[PDB]
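Next up is one chain by itself, shown in structure tokens, the form solved without the named molecule.
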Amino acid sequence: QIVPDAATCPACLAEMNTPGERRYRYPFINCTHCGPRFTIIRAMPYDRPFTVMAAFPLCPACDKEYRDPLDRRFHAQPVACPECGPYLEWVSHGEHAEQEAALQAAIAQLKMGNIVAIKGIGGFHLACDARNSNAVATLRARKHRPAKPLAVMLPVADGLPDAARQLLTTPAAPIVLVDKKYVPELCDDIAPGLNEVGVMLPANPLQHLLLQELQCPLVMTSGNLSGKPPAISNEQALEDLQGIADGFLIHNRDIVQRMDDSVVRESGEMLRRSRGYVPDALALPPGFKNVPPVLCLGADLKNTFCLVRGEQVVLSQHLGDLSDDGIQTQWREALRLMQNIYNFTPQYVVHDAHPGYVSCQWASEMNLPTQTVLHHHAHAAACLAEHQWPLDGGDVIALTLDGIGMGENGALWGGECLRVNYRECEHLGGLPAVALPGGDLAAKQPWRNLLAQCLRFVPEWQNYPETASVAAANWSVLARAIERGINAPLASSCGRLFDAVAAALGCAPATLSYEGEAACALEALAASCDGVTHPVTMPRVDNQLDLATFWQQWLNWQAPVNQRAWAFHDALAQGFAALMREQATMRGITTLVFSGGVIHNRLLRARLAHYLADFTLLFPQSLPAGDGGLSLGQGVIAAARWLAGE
């Protein structure tokens, strides 16, 4: 079996740390229970000849160990030592070093407050002292990343909650999101405006060596140029990262698969499923058997593909935004190795119903019969599947909350109540559809959504303090284009509604630097409120939420900003709850499903569960609520359609 790449084991950590051992401070030590797996396989099977480690024939000393049955290194494919293995290299503006000398140069740079690019398991990282405000601001400036939170590597898990330390110390060694109150050493530029910080432990030997030496928290963010995939070769690192890093700690062991760090919450919730989980297969739900090989292309953002066959499914690693420059290459190498590993040959392809998608283009190039699944249908089905809902389980009411996904008849959805099973998706109601002014700009400039909401629902909106920056502009040009439907399509988007409220509270920059920035900011503000008595509501009118009443109560309910943000979450949860209750109860349905990237909001989840405690509630947990889980939803719907003989 090939298993995920795994965190350095305590045995290897002790060997690396003991003077006189052959692998004393060898940054490439591993054995049978730890080290890189998926990321070092060129083709099958898992044997030195077909890994990256065929380029390093074992010296006589390591040869003895490979043979020995009692040795912890019986058939450790990588193995090797400082005599025959890869070795570290350092490169920096007319400096070069190697081995221990290279390590020590990197350490000194990090101590000086500089930024170093470090070769990891599934790509490169950019690192600096997370306590040093100038270094972090310098890293942000050079990377053009003014706000998106930075991951941080801690030398030990001391002082973190039990749940976080448990998760951090697993062989997967994910980044775990933790209240930043627990980590006061970090500067404010790590996760500015947010309540959580993603922390991680050293999980390869080079990281261990570094942290033992530095004894402090280090930024440890992806070594990518913005709008580009992480570099996996030395050459690409050195080219992409030359204007960002002050030095490079690299090495001559190739990486053959891109494999980002995984991200989970301390709660257990999966956010990004990569290193340490891939390529583990998942069992399909009861009733799903003898399924033909289907390739599911997933979503254009936060992409994963899925391979469905027999009674199992295997997701790819996080591949990111499919319009990034060079991502198709990484996607295709992932699919090549994944097909090799599972001896998998697709007979069918499933992709999203949106004809504008990149993924949809790639499907047409395949020469297999193709089929289409509605975005939000796939979100709901991926949740049902994670909960092992049987093939013949019966209908649920689903709430699918995200930015924008294409719905029935070309509509733009993102705030929908649906009747769902594995074959059918009936649209029942949800948020009203409201223009996206300036098209793609509406996701980058929250105020555009406040304007759209105000022109639809808010009499005399120019008189409220919270619309002041919009009201003072020449907004009528844009209002005229909205009215005429010029690059102003309607979308029933939960994401855009959060953006309109964050624009009204001033809690995000006027123009965002990352997708969902304003929504995260608004959730972070709300989360600082313990709960408040307030009069804001979102009443049901027929099958839609009455936003005119929401806005009038919300704009006129003065309160500390954190209470205003909490009241929005509570009112939204209560309005969708009333909708889903009406719809489920009058259909004899007892189970509700929640999915879509907005369902990553923990406060909304808490409020929905509070209001809907009279139902069985299904929320995502081990796959992401967002687009990273979409390929699995497409897979089970394709499977169910086939199993029904359609």
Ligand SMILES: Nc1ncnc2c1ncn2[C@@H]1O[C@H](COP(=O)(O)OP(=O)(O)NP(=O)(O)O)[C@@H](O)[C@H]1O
Contents of the next structure:
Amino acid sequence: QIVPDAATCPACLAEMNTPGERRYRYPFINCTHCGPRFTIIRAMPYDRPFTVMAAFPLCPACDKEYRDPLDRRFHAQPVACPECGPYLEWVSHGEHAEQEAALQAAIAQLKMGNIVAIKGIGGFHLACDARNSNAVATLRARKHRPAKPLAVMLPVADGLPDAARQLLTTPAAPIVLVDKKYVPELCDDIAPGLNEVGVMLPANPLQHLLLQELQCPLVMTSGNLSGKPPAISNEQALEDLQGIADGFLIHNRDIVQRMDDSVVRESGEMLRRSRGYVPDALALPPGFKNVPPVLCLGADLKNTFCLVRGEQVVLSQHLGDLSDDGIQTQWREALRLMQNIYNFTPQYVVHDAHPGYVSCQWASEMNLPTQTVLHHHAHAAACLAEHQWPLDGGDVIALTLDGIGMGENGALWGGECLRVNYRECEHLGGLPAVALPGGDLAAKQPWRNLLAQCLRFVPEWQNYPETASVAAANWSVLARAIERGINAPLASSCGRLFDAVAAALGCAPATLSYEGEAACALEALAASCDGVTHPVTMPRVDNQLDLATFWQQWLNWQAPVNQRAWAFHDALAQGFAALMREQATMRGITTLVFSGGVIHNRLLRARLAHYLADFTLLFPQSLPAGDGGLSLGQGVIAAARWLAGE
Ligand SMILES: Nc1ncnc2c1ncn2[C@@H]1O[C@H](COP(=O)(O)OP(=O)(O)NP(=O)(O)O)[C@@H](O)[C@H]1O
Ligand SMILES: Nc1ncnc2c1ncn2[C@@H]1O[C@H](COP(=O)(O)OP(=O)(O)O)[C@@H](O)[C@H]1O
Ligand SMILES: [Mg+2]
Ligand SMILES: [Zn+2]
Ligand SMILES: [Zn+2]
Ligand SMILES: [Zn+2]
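Right, the form solved without the named molecule is done; let's see the coordinates for the form solved in complex with the named molecule.
In what comes next, the whole complex appears, and the chain from above leads the way.
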């Protein structure tokens, strides 16, 4: 059995720490109870000639340890000392060094405020001093990342809430998101515009060394240009990162699988599922048995694939966006290793119903029978699967809220009420479909969504201060294209409605640098309000929300901006609750399901749960609510269809 890659045990820490010990300050110390698992395997089974440790035979003194039944190093396939093992290597613009000299080289570079590349378990990290403004602004520049929040590694978990200290210290050692008030030492460029900071603890022996001598918080971000795959080779780090890193702290141990840090909320909610959780299987729900091997390709962004067989499913690591170049290489390598570990050969492939997805291209190359699942049906079934809803459990009403996914018959959906079970998805209602002006540009420029909402729903909209930067431009050319349907497809998107509201409040840059940026901003603004009495509503008209009444009330309710943002969240939840109540009660349904990337918004769930207390409510928890949980939803729908004999 291979278990997930795991955080250094207290025991290995104690040995690396004790003077005169053979592995004192050795940065590759591992044992039978911690260390790289999944990341160091070239093939099955889990024995040293088929790990990366074949470049290192074991010296005489690491032969009574590995061979020893009493030792906590009995069949640690990667275990080595400084005599026989990998050793650190420092590389700089006309410098070089090795071992202890290399570790000190990096420490000194970090201390002087520089960016260093450090080889971790699952890839490389870029690090600097997280207190040092100059250094953060520069890392942002070089990595191209102008706003997306940086995770930060802390020496200890002192001063954090109990719930976070608990998660931070698990063998998985994820990044945990916590209120930024708890970490005053961070410069303001770490998570600008947001209320949460992602923190982590040292989880690998090198990280423990670095932090023990640095005793300050460090940025720890992925070793790559934004929207390019993490370099995994020393060779590729040194090439890809030359203009970013001031220095390289590398090593001659190969990494064989890309494995990003996992990200959870202090609440326990899973956001990104990789290091520490993969490659654990999950049990399929009651009634799911004897399922043939099916490969589920997942979503185009935040991608994971899934392998379904028998009574279990296994999700891959976060692979990211599949429109990136070199992501297919890492994808296929992860699939190769996962199929080899599970002796898995697919007989079927399942993929998204969207014909323009990269994933749907790869499927047709496979020579297996293929089938299609609606994006929003997959989101909803993924949530039902996590809650172990039985195969014959009965219909639910689902609310699936996201940016965009392809719906029935070509429609663009992202804010829908559905009747679902594992085989069927019937669309019932939701947000009105509104144009995306300039197609792909609508997700980058929130003001385009505000314009589209105003043209549809707001009389004399040019007279509101909220619309002033749009009204001052020559907006009629784009309005003429909208009316003619030129690159302005209709979408009932919850994510785009969030962007319209954020444009109206001015809480985001006019043009965004990352996906979901305006919505995270608006949520951060609203979360600073403790709740407010307000008159803004989103009433139900038949099976849709009445956005004209929404805009007229919301635009005319002057209040501090945090209260305006809170009112929007509240009125949105109240209107969807009203819709789901009518649909579920008149069908005899007592369970409601919530899914889609928007359902990561904590204030939205809090308000939905406040207004839907008359129902049983199923929210995602152990898998991401967004696209990273999508392959699992595809796999349970495929399975249930087969189990029914269709
Ligand atoms: N305050 C925060 N709020 C939400 N998410 C956070 C926060 N801090 C860190 N994270 C997550 O930590 C992750 C690390 O890097 P990410 O930067 O997306 O992928 P990468 O492959 O490592 N590099 P890149 O491709 O540029 O993104 C991102 O998912 C962040 O969203
Ligand atoms: N806190 C939030 N509040 C509202 N919307 C959000 C929030 N976080 C993310 N989103 C939205 O959800 C989208 C991600 O949803 P997901 O289902 O993962 O992907 P997609 O929309 O690409 O199918 C983001 O682009 C953004 O539109
Ligand atoms: Mg503190
Ligand atoms: Zn150990
Ligand atoms: Zn040795
Ligand atoms: Zn989605």
